[PDB]
Amino acid sequence: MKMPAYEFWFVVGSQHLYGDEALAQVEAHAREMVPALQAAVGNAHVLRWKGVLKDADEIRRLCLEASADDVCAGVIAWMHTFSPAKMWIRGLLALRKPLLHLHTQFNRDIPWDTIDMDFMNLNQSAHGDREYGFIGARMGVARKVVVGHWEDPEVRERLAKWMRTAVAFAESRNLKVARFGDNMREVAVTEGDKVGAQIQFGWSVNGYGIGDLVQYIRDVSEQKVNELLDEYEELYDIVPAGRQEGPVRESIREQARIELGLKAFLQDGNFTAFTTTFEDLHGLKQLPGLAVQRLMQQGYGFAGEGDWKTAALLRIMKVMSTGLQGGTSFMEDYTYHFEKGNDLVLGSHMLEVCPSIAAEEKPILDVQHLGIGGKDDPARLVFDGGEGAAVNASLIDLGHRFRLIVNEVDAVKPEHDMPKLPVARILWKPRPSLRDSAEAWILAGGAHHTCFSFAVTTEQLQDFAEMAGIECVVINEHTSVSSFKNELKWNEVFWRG
Amino acid sequence: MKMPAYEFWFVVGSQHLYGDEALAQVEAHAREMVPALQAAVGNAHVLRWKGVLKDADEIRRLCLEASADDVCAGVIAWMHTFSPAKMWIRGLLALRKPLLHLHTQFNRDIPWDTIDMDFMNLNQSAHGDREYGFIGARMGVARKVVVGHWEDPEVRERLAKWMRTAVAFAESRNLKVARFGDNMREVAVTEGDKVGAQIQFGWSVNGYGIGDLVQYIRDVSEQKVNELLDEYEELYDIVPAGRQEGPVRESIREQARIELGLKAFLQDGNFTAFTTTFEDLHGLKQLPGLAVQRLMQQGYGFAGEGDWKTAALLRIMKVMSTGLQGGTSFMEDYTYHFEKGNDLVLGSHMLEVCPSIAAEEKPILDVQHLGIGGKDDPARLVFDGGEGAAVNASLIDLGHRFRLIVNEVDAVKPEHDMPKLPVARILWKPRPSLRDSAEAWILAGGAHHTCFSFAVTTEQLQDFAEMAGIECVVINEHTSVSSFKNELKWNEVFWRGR
Amino acid sequence: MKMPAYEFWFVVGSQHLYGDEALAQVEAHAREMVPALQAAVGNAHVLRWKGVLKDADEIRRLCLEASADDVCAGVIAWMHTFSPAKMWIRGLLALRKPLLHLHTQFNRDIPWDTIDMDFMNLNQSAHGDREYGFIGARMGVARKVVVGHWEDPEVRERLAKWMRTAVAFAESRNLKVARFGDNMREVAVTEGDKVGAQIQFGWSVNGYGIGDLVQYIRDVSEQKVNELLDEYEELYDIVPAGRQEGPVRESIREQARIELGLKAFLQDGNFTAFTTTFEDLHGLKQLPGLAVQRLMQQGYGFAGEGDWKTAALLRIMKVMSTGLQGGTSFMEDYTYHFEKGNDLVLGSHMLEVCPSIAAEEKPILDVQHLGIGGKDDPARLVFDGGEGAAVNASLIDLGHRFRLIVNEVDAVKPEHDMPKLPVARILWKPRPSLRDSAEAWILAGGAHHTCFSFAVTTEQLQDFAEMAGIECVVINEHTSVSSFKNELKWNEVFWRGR
Ligand SMILES: [Mn+2]
Ligand SMILES: [Mn+2]
Ligand SMILES: [Mn+2]
Ligand code: NA
Ligand code: NA
Ligand code: NA
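Chains as they are written, first to last, in PDB author numbering: chain E, 1 to 497; chain C, 1 to 498; chain D, 1 to 498.
Only chain E is shown next, with the shape it has when bound in the complex:
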């Protein structure tokens, strides 16, 4: 997936009171910082220099054009000198893209010997940013605040992380989701108000019949299915039974047909996420398995059993984790392992696990019996899950508002092999332990379908929740369950209304 290049407008605030001379000093400092801060991180995204802003009307024009530009994904604001905040009121009302408030100073030390009134009037960010911060508090605007020196490497790393989530938010705003079928019957976590989700996040989620998708698979070029079968054999290890032209190899060709038809449909409608349900497979030979795994590799959002929210959420987590070495997948929490030394959980799905979370071992393509769905034996990629720290998140619908639950876990490498299990799986230790992660997750109402990621941080998800105006609950190393209960109660009283 490629996305429209996004920009970030770097804006400095100032006054006319300190003279026409100081304005040149500010402009010079900013023209010095923006390209050097664009070196940093850097090349992935674009920092554009949008001038010094001194009057209310000038800044109002800026944030109105920012709200009109689809390429602008956020404004970074910094008060170099003292800018009076009432000028920013009329402006902040119109600006809708996310605001980063960069509280920095140009110089790093105070020149104790040669500091005069002119310097004290030029590099006074310490209270100008305080003024701006107050206006941001009194208007109640969603804002990230990053404090430090702009040459300090942690501030640069934080800027990169924020820009990543901001472009993910921009894609979320125009997000299209396609559902083939309906929900698994009587399932509650999968249900939500689509209209409320579009007013909150902007997701347009629409339901198509499965027949339209079968119709799209009818018009796929078979030359392409054989050429794609060649790429499968080059990338994955086909079972010897399926390396020759038997019945098991036609199931792989059938899954290639399904993938190409899904590609055609998703590309025609500008969809970035889709969902399928096993309860509605009238016209397909087999339940889509390998196809959805490859589409997840391509960058598409997916979730099973008709879960449009979790699919959308993984699409957003896919986009906010372009620190190339990602690792992101649809997940379900299947079973526990209660051994006192290493309490761990085995997670997977019926078929649809993305290979982004795999191990250096090349995944193996296999066909095996799947009785859930009542269809033909499906083809799937099988692999063990990698090892490292990760986060698994789920978005749920409380009825009047959304909740984002994120649990930091550590994925561990499997000690033993699992020979009779014919689906890809991953093993992890949740934090702060098994009993406390599970208890806290149940208390928060967490879903069973989860979005697992190696490259999304807790900061990124908290920042997305802040841009979207939704509660974010975090279960990590410091989470006590007794206090987590009261945290939930107080959050519910805050977010009501």
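These aren't lab readings, by the way, just hints derived from the structure by calculation.
Virtual Cβ for every residue (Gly too), placed ideally from N, Cα, C.
Careful: at least some of the hints might be erroneous.
Taking CB as the label site, the calculated pair distances span [said to hold, decoys possible]:
1. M139(D) - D152(E): 39 to 49 Å
2. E387(D) - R96(C): 46 to 56 Å
3. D152(E) - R498(D): 35 to 45 Å
Given chain E, put chains C and D with the ligands in place with the hints provided.
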């Protein structure tokens, strides 16, 4: 300036159930305690013995008289034996002065040999104060609670500090502020709802024209300024350029004239705080600088750019220290020092920093170029800031309610001197560090004008906020940024319409 | 007075299901309606016909441009056929302009002979707008809803009123107010949160010193002052004492200087409303009187004693009263007349009554001793107020939110003359009576300064409050006071927190 000398009514509660004989022992215990707490680092600070209260009408008469007496600055109540709390209901409704609930005991140990029913009927505060406590919670009255023995130095230290806070609150109740000019143009944090401020704290904030001040400076005694120059030369070190008669010497006498005229005007209207703006000086020669520093040392609250909130807060924070050393000043956060190891902050203003916060060096009188204001080069005191634990306070207006933000800092001594810097300055390390103190302060909506003090504690500011019915957020050594965000949200849910 | 010409984007909605052919009839009907809808009360403002919107991206781009174009002052939307409302969500999210929802039908009768499936697929507005209506309720966006046929005269007349108030709303967002001095001291209703007012309506209210204005009166060319004095003799009826060359004629020249300086400064800062206070007049010869009333006729908003809220309201009511009778003025309720048959009120100010509300008798230029202000005797216009139905409105600050109180009155012609009264005055009968309107007004917290106007209706003010998101209470003929109390109570619980 000085204050109308406030007293504190000490009241002990009991009932008629245990007999008239026990009542005499209770009154005796209280008559023993009151003078001991009236020496005990008390005085100057007068504790009056307001009798034992046993009847509902007796109690309500007391708190009705207390709310009508302007000299009473607070009631301290202690339940010696079990006094039923419904008698206090009608009372607590009428009392409008700060309440300290002293949960104490007369004796220190249990006399294991001679304890009987008669002893258990005298010193049952352990549950009597619980009874009273419930009525304080169920009626929702603002009360401070101090637990311990009345000879414990911790209880005495907290009583003294609380009496300071209560007298500061009493001064806040009748606080008058005079504004010379308007707000600095499009500045938002300096602006606020005056009427909402009178209903919350009682501050009478009124704006006078700047010409009304010039009218007062014409009527100053011309040799009163010469008399003030002698005090200047005795206390401060004038630059040699100003020790004889030249252009530098006229600038010092003009600031002395400004000081004398301001004194006359502020005392004429019983004002205790005032504000000036550099945008409105259409009759003065120079922006008031030396004069403002002298008046802040005299005990007046001041803030620049029309900041009546910061000025009022400075006057009350000056008063809650009354007998300490003691520095307190109006301040603005001017520059950072990002030396990896030395998170440091340089704070000052254009001119108006109080010498109460200075070091031991006697301040220097100077004249230098001030480009903001367009007036004459003004004379001011310059000095380096002292070192010690300190507080940064700011009162802000969220629109429907006020917020008091308090940051604990440690002021450090300047290692190098700043020769070309023509303003007095102070250096501090904020807690828990600079980076996340700034982060949390921006998140909390803190103003740029801050009230700096060496002698005011966080306890005092929390207690003032408790008496005033306003949210108080404290950012100190234990303050984390992640939890600070959600704690702010929960505070907003509690204080929204309270 | 300038006022940038504003346009209104007219948008029709439908879908792609009914074909490229049905879309053509939709577009054809719309280009027939829009120019025909610009005939009717459409000469001040321009109705622009924007594309038919059928997909979410067209709607989003349209509503993004509408909120980005400064010339667009509002969108008029009509669902010709069934447009699914989810496509409209993101657009309504981005739209920051007033929305009028016109629920109409192209044809007026249904052709019983030729009605088939195609007719039911083309003119299904009756349910197409209902879908849209739900989203307007579900997102909680401010909406006017007008139902009827697009050739019906009442819908067109209501469209005119809404377009006037929408242009006034566009002017409110760019409203600048300049204050010469502060509020009248210790006056509470005139005080408010300026920052909250910029967040609610967009008013930028800033205070300049009166010396800044005196400087502008010093730099006015007196040649122009004499040229304006020449206009005075042609328009107004000067007192015999002042038609010759003496001291009484110099007061008119001084007010001409005041007018020229006020104009110069007000246009120098692009201000549209201003306030002056008599408690701060250091540097002016006389309290501004004639000048302020002439500038109020020019289209400026004014209020005395520093009343920026009433000043802004006067400008907004002046702008929505561009059709056209159309008197509008600053007001104060000075005295009652308790004659049990014609209970009426006499209203005016110290000097500052705008001649827009005058009668046809030519106003008289007069000078008399004015002790309020303590300055020289000022020149002023004197006249009696006209007659007709009118509204006097007041905007007040509840601390956490604003309230717009509107009382409909009937202005009466004076029966007796007022020879010794040296101020312009107006007499009116409030509804439903004097003693009942006064009770309702006191309960609603109405100010003493009121904005009185003959040409702005109650609907326009109700709709302005709806566009601004503020409570509007109306006191008219049907107002019972018993139920008026409860309306206030229920409104207070609804309006806390938005
Ligand atoms: Mn399942
Ligand atoms: Mn300042
Ligand atoms: Mn008045
Ligand atoms: Na499609
Ligand atoms: Na006075
Ligand atoms: Na100007």
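Against the structure, the hints come out as follows:
no. : hint                          : result
1   : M139(D) - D152(E): 39 to 49 Å : holds (43 Å)
2   : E387(D) - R96(C): 46 to 56 Å  : holds (52 Å)
3   : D152(E) - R498(D): 35 to 45 Å : holds (41 Å)
Every hint from the earlier list agrees with this structure, and none is contradicted.
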